[PDB]
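J.: Read off the chains here:
Protein chains: 4
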Amino acid sequence: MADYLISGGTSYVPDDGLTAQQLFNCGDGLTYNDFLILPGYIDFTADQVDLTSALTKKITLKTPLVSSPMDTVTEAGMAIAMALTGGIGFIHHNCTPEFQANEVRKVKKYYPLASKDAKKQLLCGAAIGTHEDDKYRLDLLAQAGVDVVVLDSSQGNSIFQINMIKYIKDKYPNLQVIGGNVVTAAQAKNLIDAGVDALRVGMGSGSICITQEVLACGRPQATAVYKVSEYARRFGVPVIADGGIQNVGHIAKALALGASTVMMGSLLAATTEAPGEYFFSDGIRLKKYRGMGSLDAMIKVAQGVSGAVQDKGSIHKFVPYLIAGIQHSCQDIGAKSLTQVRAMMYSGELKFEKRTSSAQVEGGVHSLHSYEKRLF
Amino acid sequence: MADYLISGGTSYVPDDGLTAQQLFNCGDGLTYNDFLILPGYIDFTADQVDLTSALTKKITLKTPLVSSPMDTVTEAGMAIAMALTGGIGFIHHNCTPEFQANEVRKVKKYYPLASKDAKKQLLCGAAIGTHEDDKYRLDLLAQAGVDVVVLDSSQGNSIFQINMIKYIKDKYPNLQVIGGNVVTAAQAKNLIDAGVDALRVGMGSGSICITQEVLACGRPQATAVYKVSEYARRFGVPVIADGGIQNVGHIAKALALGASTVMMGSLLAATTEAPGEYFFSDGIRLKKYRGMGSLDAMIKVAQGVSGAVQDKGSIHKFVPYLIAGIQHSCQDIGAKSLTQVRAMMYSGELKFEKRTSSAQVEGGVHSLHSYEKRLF
Amino acid sequence: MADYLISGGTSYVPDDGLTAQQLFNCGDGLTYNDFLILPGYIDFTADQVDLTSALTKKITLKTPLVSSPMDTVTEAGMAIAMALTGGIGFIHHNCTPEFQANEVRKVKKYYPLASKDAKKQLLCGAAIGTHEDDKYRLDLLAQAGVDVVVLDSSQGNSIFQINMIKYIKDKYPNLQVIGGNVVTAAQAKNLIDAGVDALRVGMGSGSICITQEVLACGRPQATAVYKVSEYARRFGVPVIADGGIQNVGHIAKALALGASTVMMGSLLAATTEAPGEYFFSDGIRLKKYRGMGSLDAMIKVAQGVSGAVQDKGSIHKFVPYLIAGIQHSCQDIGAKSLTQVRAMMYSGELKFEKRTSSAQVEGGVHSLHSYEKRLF
Amino acid sequence: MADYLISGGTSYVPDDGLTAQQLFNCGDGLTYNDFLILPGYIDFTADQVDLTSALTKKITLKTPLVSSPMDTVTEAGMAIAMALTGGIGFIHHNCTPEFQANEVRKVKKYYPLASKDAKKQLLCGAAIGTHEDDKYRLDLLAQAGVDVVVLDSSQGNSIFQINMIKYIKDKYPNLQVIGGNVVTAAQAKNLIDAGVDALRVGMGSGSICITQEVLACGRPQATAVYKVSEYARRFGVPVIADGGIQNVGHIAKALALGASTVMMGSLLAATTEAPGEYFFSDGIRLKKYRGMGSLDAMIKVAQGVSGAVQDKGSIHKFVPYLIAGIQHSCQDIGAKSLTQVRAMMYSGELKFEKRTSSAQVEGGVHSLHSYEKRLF
Ligand SMILES: NC(=O)c1ccc[n+]([C@@H]2O[C@H](COP(=O)([O-])OP(=O)(O)OC[C@H]3O[C@@H](n4cnc5c(N)ncnc54)[C@H](O)[C@@H]3O)[C@@H](O)[C@H]2O)c1
Ligand SMILES: NC(=O)c1ccc[n+]([C@@H]2O[C@H](COP(=O)([O-])OP(=O)(O)OC[C@H]3O[C@@H](n4cnc5c(N)ncnc54)[C@H](O)[C@@H]3O)[C@@H](O)[C@H]2O)c1
Ligand SMILES: NC(=O)c1ccc[n+]([C@@H]2O[C@H](COP(=O)([O-])OP(=O)(O)OC[C@H]3O[C@@H](n4cnc5c(N)ncnc54)[C@H](O)[C@@H]3O)[C@@H](O)[C@H]2O)c1
Ligand SMILES: NC(=O)c1ccc[n+]([C@@H]2O[C@H](COP(=O)([O-])OP(=O)(O)OC[C@H]3O[C@@H](n4cnc5c(N)ncnc54)[C@H](O)[C@@H]3O)[C@@H](O)[C@H]2O)c1
Ligand SMILES: O=c1[nH]cnc2c1ncn2[C@@H]1O[C@H](COP(=O)(O)O)[C@@H](O)[C@H]1O
Ligand SMILES: O=c1[nH]cnc2c1ncn2[C@@H]1O[C@H](COP(=O)(O)O)[C@@H](O)[C@H]1O
Ligand SMILES: O=c1[nH]cnc2c1ncn2[C@@H]1O[C@H](COP(=O)(O)O)[C@@H](O)[C@H]1O
Ligand SMILES: O=c1[nH]cnc2c1ncn2[C@@H]1O[C@H](COP(=O)(O)O)[C@@H](O)[C@H]1O
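Protein chains in written order, with PDB author numbering: chain D, 1 to 110, 233 to 420, 437 to 514; chain A, 1 to 110, 233 to 420, 437 to 514; chain B, 1 to 110, 233 to 420, 437 to 514; chain G, 1 to 110, 233 to 420, 437 to 514.
Since no wrong hints were added, every one of them can be taken at face value.
In silico EDC-like pairs for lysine to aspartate or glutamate, Cα to Cα no more than 20 Å straight-line: (1) B/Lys410 with A/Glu510; (2) D/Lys511 with A/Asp71; (3) A/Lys438 with D/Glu510; (4) G/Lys58 with B/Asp3; (5) B/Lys489 with G/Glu487; (6) B/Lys58 with G/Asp3; (7) B/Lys288 with A/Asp43; (8) A/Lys409 with D/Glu510; (9) B/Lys438 with A/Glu510; (10) D/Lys492 with B/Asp28; (11) G/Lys311 with B/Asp15; (12) G/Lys489 with B/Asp15; (13) A/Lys288 with D/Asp43; (14) A/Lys438 with D/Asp47; (15) B/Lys492 with A/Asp28; (16) G/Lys291 with G/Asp261; (17) B/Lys57 with G/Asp3; (18) D/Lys450 with D/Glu399; (19) G/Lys57 with G/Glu352; (20) A/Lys455 with B/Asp418; (21) G/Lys57 with B/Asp3; (22) B/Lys62 with G/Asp3; (23) A/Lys511 with B/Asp71; (24) B/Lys489 with G/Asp15; (25) G/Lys311 with B/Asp3; (26) A/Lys438 with D/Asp50; (27) D/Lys474 with D/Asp43; (28) G/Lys62 with B/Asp3; (29) D/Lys492 with A/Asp28; (30) A/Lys410 with D/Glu510; (31) D/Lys455 with A/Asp418; (32) B/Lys438 with A/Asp47; (33) B/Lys492 with D/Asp28; (34) A/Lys288 with A/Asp255; (35) G/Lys489 with B/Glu487; (36) D/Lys511 with A/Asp418; (37) B/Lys409 with A/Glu510.
No lab work stands behind these hints: they were computed from the structure.
Using the sequences plus the hints, can you model the full thing?
T.: Written as structure tokens, this is what we have:
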């Protein structure tokens, strides 16, 4: 009897570690490789973990991986491919509107967990601009049959973006929009009261964004995804993480801080289904990678740069490594779903820990003469 | 009279420094080269310090140095050698079971402080897997006559490992098991209540483990050895430190934070008794060094890498330098045994101090044009 | 009237900055380039600042610069030279006792502020070992007529060093001894109650000492000079700073934290009056520089290394730059003597400020393509 | 030598106690019997302490005791009396203007330290209202020859009071005004920039004011005198403490927190020179005592009450006890003048200490069956 009715079910479970709530009000600007996740008790293995997540308030996915809408990372090829592996892709807005019209008609008509609708057609998203000339851009791909759109912007709460939500939802109520870019709760309020359906958190944290050093704005991104998902839980709105993703660990860190889908732009760059084409340098196979703020887009200013990244193969051999990396991580946390790991984080059942620079210099590799970092 | 009976024996001993208990609840993730040990009063010299320590609850050793069970660092050669110098070795589990059966029969049959049993045969340990097919692996080396085994696992508290303790101790009660890998108190409870005999603390902190950056799990290791030895003192269970050992100072830091034996994998790599064989690169004598999580072990994922480390000579000329390095350190702390230095740490008689990055950049070498770092 | 008698003399003087007392109990291990000194009101210029300081409780100097007793930095040449510029030199103990006997007889027999005694002979100090065979070393240079000696030791409070003070002061009461190495208050008590005359604070902080990484002992040095001069003010005992001196700013930081004389070993290395001789490497004029813990001194261990430093000219053109660097610093603090700057620090009239790594990366030089760092 | 030039003059002086600056930003609302003053080194005795203080920026007094302008405490009698003992008195404004005109002409025409001007006539102050009909009140006693006036108001920074300063100082520039009532720095700025000459700090803290419980405004008074004298030191403006004075200890606490003169209304009530006349109750000699906010002044509200206090004798036998009580207190602090004790408080040479309720219940009298509290 009394082994049960002193507490009831729960054992002692000592108090070593920091929950996220007292981790992130310390005032430190945390990024991904500055905290990490402490392990706990497991009762399962790596393959029955239900890795489903939500992109908007209605449509949910079999994996939390989404491509970022730039022309140097995704078009209809990787939209097709990431749909067929479970994820979702967007399409950039620096082309003509008929170009993405044809791009969406290519991806829409056209693998067990392939993320298909009630029409059993593959999910497709896109992204539009913010200026009022894009109203003629928007209704064309609305005629093409897009599912979600992303208001790609450097800062979220303009009058322009709020008027675009109040322009879209009273015209196209079944069509669902993504707000962005939101990085605090203060601008997270003005989009949820606008009525937006999900948020896209993170500015200044990309591989190629220098706008933290040019415009002196933004935030560290792992203290941003936490507080935006903290405010956005109050209304049941999922958030989408941008920037600072370099590997598959940061995926799990963004997923355990409240973000439901992780948006990658560099880690999905230099793939077979990425647009453009290859060129060698020092004998290394690579392809170019640039951002919308870079002046290789078109009295200007530049928030992005233009560089290149070495090849990473086809995505159909790449995203199984990423979902297995999320699955082994969610096993070592101790939750057999992403819903359950966000439950354990909001309740405090898993606990984090800070790092120092001396702590991450041991976290990678050290005391070697040379090494061959082979990932899969 | 009254020079004595105001306090009694103890002098004033001013309050400069931080004891470990208020050092490690600051929430900072400390590693070894981020704190250090402040000196105190000595009354002895470097050679009568009784450097004995405990590996499990029954068998104790003349030195706290133990090799790590990987095939790229130890087999029966360095098992023989480190037994004959005082320490203990394990044997990896990525071979056939008859291979370690012959390996244990080679080391068991076969220098004053040579760590021998009541049969006056040398101590030998090993390590097994976790899956239930390893039951046929376990009883074969139990027939060979192993002393301790290590449940080598990335995370400790599975159902599988707890069922292995409850499978072993009711079959082989004199045989003693090592749990692992434990890194918090929360999983330190589920192995001690399972009935495990010692713990192996530290994940993600090796020279070649990238699982802090791949699976986003683990902990900084010097804030891990402290809290696991804090919880494991409550039941009288010693702990074993893994990873992040680069030199002989980190040995003393792990020993002064409550760990009783320090397990090394890279600092004992590239020795004469390490298996494999040498090959030059840039004219530097070196040999390869890889981990079990690396995919040079055999829909996969990789937590380790495969590299190489330059040669460090025979261990019989190497571990006297390591035990003399522990002895000079234990002299400069002010305790003539490791039992007494852990006593002084749990009571608060020695005190630590944090460092900054600017503090360790002076701690090594600086303001030189070139230097020849000669260790012994 | 009432402009005076509300406070009395003192103006408002706002409360921006941190005094040393609340700076150094934060628990951070501060080194020299991690804090700096905030300026205040001046009423003088750089040349009438009385830069006199104290070495022991009796003999005081016209400058706080003292050479460190190693054979690779000082002998009777730089003893003569630094005496003739104001400072004091010691003589290493890794030679035969007749060698320093002749060395002290060379420097003693033999420029306005030349630090001469009541005999009007130049001041000379030395250093002896700790073992009891050095009693025959000690009385020989006592016969030679040395002024102060330094008990050169890695850690201060042995029984051996305390018995050496109780062996010296009852035999040679006018002869004055230097304790060392002390780094906390806890060992600062056992030498002052032994009756030592000054302290030599700092271990593990040299340019060539690796004993923080080998023996895991020591302390960050700018949090060491503060607390040792804090405890040693209570008995009126000056302290001497070792290690971590790279330039002339760290001189002023050690002098403003309570240390009265700054002992340099690398910044006075590679000079004309340093012993040994020159040799080129890559066409750079340089000479070797090694420590007593390095195994180029003679079952061993090594706490120092052996390297080299590029040439810095004659000291008679070098220490005027150092005393002018202390003078401009003491001008910018706002105290026309070193006694007054330690008064302003113990009272709280000057205030410090922490730095971050991002703060010192701007403190040096940045945003240049190349630069020519010319010091004087 | 070196007993001096390590610090310079000052001895160690340990760090027990709290200076006022870190006492009063704790956020606690301190009153007088909630902190107290720790003693220090003395070098004098109780009678040569120069107890002079300042009332305005020009005229200074031989004692810091000033009566409060109510009709139930002071008129021309106690104005004459407290002038002749050193202090200064004001005259209430709830009479006709010709009444205080005659009152000031009685006190002005008319004992060694008797506070007389360059005309060798006794100092006299008064107080006027705030409404614009009081301009005819003001010039009449300006014709009578008053020295200072007090803008008696519940809250200080009205437009009305600032316009009264800008009405007075451009008409009557030699005439000096007192602002009030100020209780924070926020309203202390708007009167000093108005150009007021001293402040009268404290609202809601009187013996008879209930405006903290009626209007929910004010502040605890000993955390008010500190921060108003903190802001008013920046412009060299003295402040005057009201309310919460019950004895002679609170005088010393208000004087050691930066206030230069202490204004009493109840402790100078029930004296021989107080107006009105006596009446017995329970056989106890007493006289009535009421405030301006009480509706025994004339759609109303009431901030004061109307009561009575028992007799305390003539003031010429009473204020020598008060100045001897300030003198013994200033002796036990360790400053031979009030200017020097405010110097020691702003520099931090004296230190305070908080109390608890359990700490003041021992501070008075306890463990007695009865006691006869005889004051002088
Ligand atoms: N982490 C991120 O996602 C991130 C962060 C920063 C920048 N960026 C990229 O930078 C790109 C361009 O940045 P941008 O916001 O400066 O250009 P934009 O086209 O995205 O936004 C338009 C610019 O003009 C303003 N604007 C919006 N509507 C306007 C209207 N009717 N009239 C006049 N001005 C209007 C906006 O403030 C903005 O500066 C974006 O497409 C985005 O992809 C991305
Ligand atoms: N610091 C360290 O010591 C450390 C840290 C991380 C990884 N590693 C190395 O990584 C190696 C492999 O890591 P690993 O744990 O992923 O492989 P493993 O063979 O050690 O463990 C088996 C894997 O499958 C799961 N498992 C256990 N029993 C199972 C069963 N009956 N059925 C199905 N699944 C079961 C486990 O969770 C684990 O992921 C380990 O041998 C270890 O040496 C070491
Ligand atoms: N910052 C510094 O100044 C610093 C710090 C560390 C080391 N060092 C250098 O390192 C040198 C050598 O270091 P060390 O202290 O190990 O050698 P040492 O000769 O200075 O001291 C003797 C060693 O044996 C022990 N000892 C002392 N008296 C003994 C006795 N009668 N019998 C037996 N043992 C005795 C001491 O603990 C010490 O380890 C020192 O000369 C010092 O210059 C300097
Ligand atoms: N600790 C203290 O000293 C203290 C604190 C509170 C109240 N009091 C006493 O309370 C007495 C009355 O308090 P009070 O301030 O309410 O009355 P008041 O006569 O002192 O002030 C006039 C009142 O009307 C307002 N006022 C000022 N000028 C005005 C103007 N031209 N036209 C219209 N309104 C104007 C003021 O806000 C105030 O409420 C005061 O005389 C004061 O002595 C003293
Ligand atoms: O030009 C740019 N300037 C700033 N941010 C950009 C730019 N282009 C793309 N981004 C953002 O950077 C993210 C990709 O960052 P990554 O994870 O480092 O690849 C995208 O999802 C966008 O939100
Ligand atoms: O492949 C791996 N991935 C993660 N950790 C490993 C791996 N192989 C060995 N380890 C751990 O790393 C430790 C050695 O770390 P080292 O002290 O840096 O050499 C071993 O004791 C193991 O616990
Ligand atoms: O061999 C050694 N090991 C550790 N410390 C040394 C050694 N030799 C000299 N030192 C100390 O290092 C100081 C010089 O440090 P520097 O200021 O970096 O040159 C000397 O004053 C000695 O106290
Ligand atoms: O009627 C009133 N209501 C609120 N405060 C008053 C009143 N009358 C006088 N005061 C203030 O109370 C102070 C006297 O407080 P005491 O020190 O307790 O006697 C005077 O100096 C006035 O500032």
